[PDB]
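Trainee: What follows is each chain in one-letter form.
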Amino acid sequence: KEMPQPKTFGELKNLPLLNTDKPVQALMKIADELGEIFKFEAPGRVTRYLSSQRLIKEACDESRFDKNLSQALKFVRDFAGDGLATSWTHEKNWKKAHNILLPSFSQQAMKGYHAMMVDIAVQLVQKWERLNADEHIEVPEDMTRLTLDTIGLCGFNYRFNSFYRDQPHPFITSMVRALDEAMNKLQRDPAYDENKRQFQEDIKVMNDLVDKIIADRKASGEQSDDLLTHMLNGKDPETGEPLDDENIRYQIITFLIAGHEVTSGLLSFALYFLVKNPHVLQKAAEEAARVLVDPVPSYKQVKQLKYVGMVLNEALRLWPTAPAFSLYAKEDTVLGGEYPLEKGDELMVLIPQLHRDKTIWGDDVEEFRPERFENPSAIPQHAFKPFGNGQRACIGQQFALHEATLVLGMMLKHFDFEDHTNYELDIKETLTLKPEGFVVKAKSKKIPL
Amino acid sequence: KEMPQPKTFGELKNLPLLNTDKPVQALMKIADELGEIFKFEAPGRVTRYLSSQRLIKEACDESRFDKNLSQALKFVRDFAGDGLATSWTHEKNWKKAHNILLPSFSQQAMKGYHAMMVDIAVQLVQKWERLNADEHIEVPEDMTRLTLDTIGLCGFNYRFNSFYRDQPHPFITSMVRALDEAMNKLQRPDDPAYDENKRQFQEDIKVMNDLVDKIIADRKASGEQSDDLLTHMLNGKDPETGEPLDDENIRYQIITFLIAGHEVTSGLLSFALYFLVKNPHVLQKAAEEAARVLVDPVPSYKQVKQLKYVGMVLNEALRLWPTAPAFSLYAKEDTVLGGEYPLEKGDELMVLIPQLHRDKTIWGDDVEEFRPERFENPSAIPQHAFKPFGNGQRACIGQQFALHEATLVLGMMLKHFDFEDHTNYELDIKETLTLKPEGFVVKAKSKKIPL
Ligand code: HEM
Ligand code: HEM
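Which chain is which? The protein sequence lines are E and D, in order. So that you can map any letter, position 292 of the first sequence is 1084 in this note's numbering, and since no number is skipped, the others follow by simple counting. So that you can map any letter, position 71 of the second sequence is 80 in this note's numbering, and since no number is skipped, the others follow by simple counting.
Same shape as in the complex, but just chain E:
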């Protein structure tokens, strides 16, 4: 009945607990101490962190709870606008953009993005093929180069050309800095004035490039296999309306901000777990060699990479790279038969803890075992939620998993990997999670592309 709560700091309540560079991992440790639910208070804010499948399955009842904009998402909305990820469900532009964009994110739609995904993936493989002996790979750095360029190409047929650069394209630099400012604002006024000025400058950089490309495309009339073409031509069946140019810009910004980092983090975590578990690596590499028999992988071949998909799902279980999502009670309701909630009360779903609920997964929750996902029928409802919940779940789920399966498959086909530093897992936190400083050596298998 009475809800646990971590230590307080006088008038600041629990807020200083987030004044750390690893806040999700701090919240996980608190959940370990306090259990399936704890209250978290800040000045002008009350929320409750959920960690058990028992309670999270109720929170995922869409008749009782709707998506809430966390403070992180509210600050991201200052540059992602009413794009899909930072809109309320009841805003006209959410359902409109949802209806228009859903068919362009389906599994069947991945057939049309596949060639562009292969384009960037081959660039990644060629980079690693061209490394000199005993040079090494900066894994999250290269994975982020790949995912940003892939979303850039598939999103609006624009080449960031990240593999030609040490300093990223100015759009990416502003994007990363804007995300950092949004997340840094959480932990916090006269000293912050330069941050505010830079933030507005970074917003302008992103808007100017995306607005320019949209305008360029409308003037040219060119049709491509990208999401921008789909949005310029699509109409919502419900309203009969297309997306306007401002919302199209916010969607493109959203694809980049919401999709690039979770996906590069997943690839980096997956390669981390592979090099730490050589038996799993061998099994995954066998499949990649058996399935990817052509110099360029086909769409159908990627779907056959079953064990690679199991590797990726188990990596998402241990370290879901979007670590939380927020909900609010649509009306007064009782959670778990003992926690009465009032209309509008907020909940946070702490995904890494859900994925460690021993009542669902057994005692070996900390072990990396892709075989847990060998038969997807064994996974209970709402025990595994790396892509969120319900109608507000990740629209890019099929995109992310096709991208990651293709790239991981090509990596395992073309290289043997060495954990030459015996890397100690160090998880950097931004809006997302990724393994900082993860480096490997790759010895080519000398298979042509």
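Among the hints, a few may not be true.
[As the list claims (entries may be wrong)] Okay, derived cross-link-like pairs now, DSSO-like style, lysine-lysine, Cα gap no bigger than 30 Å in a straight line:
hint : chain 1 : residue 1 : chain 2 : residue 2
1    : E       : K1092     : D       : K104
2    : E       : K1092     : D       : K341
3    : E       : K793      : D       : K120
4    : D       : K215      : D       : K229
5    : D       : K101      : E       : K1098
6    : D       : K369      : E       : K1068
7    : D       : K120      : E       : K1150
8    : E       : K1095     : D       : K10
9    : E       : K866      : E       : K884
10   : D       : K439      : D       : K452
11   : E       : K866      : E       : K1135
What the hints contain is simulated information worked out from the structure, not anything from laboratory work.
With the hints as your guide, set chain D with the ligands onto chain E.
Mentor: Only chain D with the ligands this time, still in chain E's reference frame:
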């Protein structure tokens, strides 16, 4: 390219090769002679037996192959209906029952069945505690009493009371006789001498239908809720169609649980105890775990999950003698198997599981040795090398039920008794729909630990 085929008998092709009391073991010997794939032809039938992990990993590609009803499963369908095990993947009632029943067979659902499993397990232990000196145990007989009663209790809250009987409950007698008739039909053709078998077959079907239909009706009239599969099926709805199972299909599911689950599971327990008494060092390690883990008079669900080495013992017993010895597949489209065997759409495959599990390229040269340590890490075992529970979405829905039951019972057996192979038993594997060690007997000396 060219596929081997065993010896033929003119117009009967390979069919007389199955006219034997031990057809799986005959097929294993054929695989030893012919290799990883051979064609097997009968009048109106062509299939291909696969024995290597190299080829079976491709056969398990669900994008290329779907479950086929073997002739055995087609004959079992005459009393198991469109229950889960004898229905095609494309039948509306397969996906419907699959979606409904999957949560009631999860590892989490075993927590709710545990008390009923303990109920029958305690009856088994008490039976053996009450034996007089130099009496012995008929192992497969007692294991089948246990598994049938356990499925009866967990399936529909019905007590067969097998430990109170020499003659089993009439449903069980009809069930066994129906399974025997289905398997006997394979070797036959159906001329006048077999007319009597048809008449018995229908009477046995009526016996099973009448009892199961009666219990369903009793439960609906009572409105009582139990912790059994029947209550779950009376109240469950398929999330996809929104429909519940009808009363006829619920009956077929209950019959399926008994016919499909009892014999494979009792066979596993009997084979496991056989291998333990034939390998005393392994038995000692397993008994040491049971004594260390089962510290209470009655095992808990959490304690059963802690019987790690017992679980490896069971998996290694399933490796050597998978009690459901085969499953059948058909090609969804034209495809090439292993880069050299072209298959046309609809072509059939049989997966010969005991031969798969003896693939030396996977397990090493010591394939015939009983070494539970092979299963210490599932990540070290290659894909599709170990398939005692079938494959994919048509895999055994009762896998967690079977392994929880077998782990609980074997753990209790090892805690409470020392076992003697007093006859130096010679392995003799009886073949029905399933495999089991016929005539396996032991003596049990009680450790005198109270329940
Ligand atoms: C491993 C990769 C990914 C993970 C783990 C992930 C995770 C998530 C999660 C948890 C949510 C729900 C957020 C909430 O409820 O507040 C979400 C929403 C969303 N994601 Fe992803 N995502 C991934 C990849 C992508 C990609 C590649 C894209 C775009 C190309 C994308 C675009 C979106 C969008 C637009 C939404 C909002 C959907 C809506 O509310 O209508 N994501 N994602
Ligand atoms: C050691 C014990 C067991 C073994 C070795 C075993 C083996 C198998 C195999 C190999 C299949 C696939 C058959 C095929 O593909 O044609 C299967 C399916 C099935 N088994 Fe078991 N089984 C065991 C225990 C059980 C139990 C205890 C139950 C029920 C309480 C059960 C119920 C089923 C059902 C319903 C199916 C069909 C599932 C579907 O296709 O949807 N089994 N079993």
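Trainee: Need the list of violated hint numbers for this structure, in ascending order.
Mentor: none
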